[PDB]
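> These are the residues of each chain, in order.
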Amino acid sequence: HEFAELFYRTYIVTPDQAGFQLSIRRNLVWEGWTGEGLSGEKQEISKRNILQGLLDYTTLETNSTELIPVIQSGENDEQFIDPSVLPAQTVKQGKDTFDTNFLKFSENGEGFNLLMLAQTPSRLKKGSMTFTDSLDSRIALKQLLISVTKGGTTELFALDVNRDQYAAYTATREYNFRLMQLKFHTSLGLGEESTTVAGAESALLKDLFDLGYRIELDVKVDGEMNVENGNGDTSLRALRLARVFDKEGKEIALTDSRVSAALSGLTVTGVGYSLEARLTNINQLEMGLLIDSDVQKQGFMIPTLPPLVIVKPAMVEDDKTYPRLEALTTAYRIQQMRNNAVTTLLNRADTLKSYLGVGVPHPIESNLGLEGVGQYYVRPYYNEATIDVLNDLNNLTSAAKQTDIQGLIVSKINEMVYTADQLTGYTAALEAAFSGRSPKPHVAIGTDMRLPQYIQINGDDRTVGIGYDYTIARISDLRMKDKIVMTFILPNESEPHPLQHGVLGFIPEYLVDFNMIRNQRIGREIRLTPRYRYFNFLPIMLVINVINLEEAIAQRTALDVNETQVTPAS
Amino acid sequence: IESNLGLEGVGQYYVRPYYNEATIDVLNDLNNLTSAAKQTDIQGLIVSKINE
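Protein sequence lines correspond, in order, to chains E and F.
This note's numbering numbers the first residue of the first sequence as 1 and each following residue consecutively.
This note's numbering numbers the first residue of the second sequence as 1 and each following residue consecutively.
Chain E extracted, bound-state conformation:
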């Protein structure tokens, strides 16, 4: 039957093997190893599939060569800004947790030796930092902390000074051959929407901001750095409010009453800075990211089933007391092809409801209880919706109700397919599974006898959207009362492939006919022993509930007119 065929393609099996065994490949990215401590514990192993990095950005992004200042209470505290101004922030590098903060500006003789100040525990366990270690050619200012004060209120500012025209250290030959210099003179602006580091719009500049004005800060800062031994220093040399502009794009002098009054009482002082520095590793002390692969294999077995019988006396061959064989074949075909398939599909739907909620996808290999091995390769996903036809219809003329309903259903279906494709990554899975073809995701559509008189469209182009294929199969079972089911299918593979919804293990069976003495009674019997089962692979399923379609076609429906508020109420 069509409905059974569409969701689970028949995969014939020669009747001498107990089932079919699947070998699926995988490629893994995973960092570090075992090797910690000294005990009898079993430890653990971390494994991340690379396809997670295809959607999320953190699986494949990691930094092991950054040099982040680390606070230690009582011996490296002086080089850091006062904790009272800004509390320490915790930043994680690899497996070490530590607190960091901006470096205090040097006055006249204070420095900082970045190599021996960025000692994280991971580097500590390896010994003293090797003299051969060198800093990368790129050194740059990451953030400047700038304090604006007026009357006693302090608001800290985190300006992203990185990626500015002169935030990058340059090569210079005046003193040494690997001494890097920073020469940073420009104007730093604070726009009319600029926010503080403490959240929300600033309040110390309300006067200028109300008139839409901005402020240019004259920032001119010099520093030097030696990438051979980490000796370097930085000292801010000026910060001053310089000009004022308006929203028309022209300068406004400070001699006017408004500008002078608004700028009065403002004091700006240098607070700190941060550095983007990567240790150019030459010693190879880094694991980076590893790429390994292992194999997973699953077993599937094909059972036997209770038999169907026909009885008659062994003097008898008729049509009524002995119905022809055709009836037996039809009963077999029905119980095989429709009832079991529908019930297993509904159980699959209920299980997917229970395990994954509604509308919330889980990552790759996030469950091991879900039947099937497609879960190893794509995100599991589930979603529900309800179409209230009495509420969702906007006609304009009673003679076009059919087209309106028809398009309403098609639009919801198309949107659902698009959302599933977006949240699942299914298209990327297809493009990875086969190279040389770019197969459009083929979508199955199944329902009872009622709806397929509305899913088609004759007058509007959209059926599943331009660029998707589809196939509708109608099933007579009453359990499918006004229900819509969708799944992703590829009708090009005749082998169990972990990217199709399901397979139907089929074993051909031939009837047996003999005389049998059943408890001292004599009679002729006919047997048919079926052998099959339905296996589910893909953990992606969509179900749509449609109700109240009956009333809308006959009940007066016209518009939900949004009288969008032009009469005094707001």
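Warning: the hint list may mix true and false statements.
Claimed, not checked - Taking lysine-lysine and the DSS-like style, the derived pairs with C-alpha atoms no more than 27 Å apart in a straight line are:
no., chain 1, residue 1, chain 2, residue 2
1, F, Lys-38, E, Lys-440
2, E, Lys-183, E, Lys-220
3, E, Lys-104, E, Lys-150
4, E, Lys-126, E, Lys-47
5, E, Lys-47, E, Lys-104
6, E, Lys-320, E, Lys-412
7, E, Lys-95, E, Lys-126
8, E, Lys-95, E, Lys-47
9, E, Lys-483, F, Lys-38
10, E, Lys-142, E, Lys-92
11, E, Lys-401, F, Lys-38
12, E, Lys-95, E, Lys-42
13, E, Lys-353, E, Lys-483
14, E, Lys-247, F, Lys-49
15, E, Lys-481, E, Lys-401
16, E, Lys-412, F, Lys-49
17, E, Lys-353, E, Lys-320
18, E, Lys-412, F, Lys-38
Simulated from the structure, these hints should not be mistaken for laboratory data.
Start from chain E and add chain F according to the hints.
For chain F alone, kept in the frame of chain E given last:
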């Protein structure tokens, strides 16, 4: 032009700098008369803003 020494960019020595942003709250901001033309109206609304 050339008024901004801040921010990275060399092309700002040739063209004025400009940046603006608009958001579309589709739900209450759209025109339909028939459910048969929902998607076309939605498509037109976004294309209009892209033009502007």
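> Which of the numbered hints above does this structure break?
5, 6 and 17
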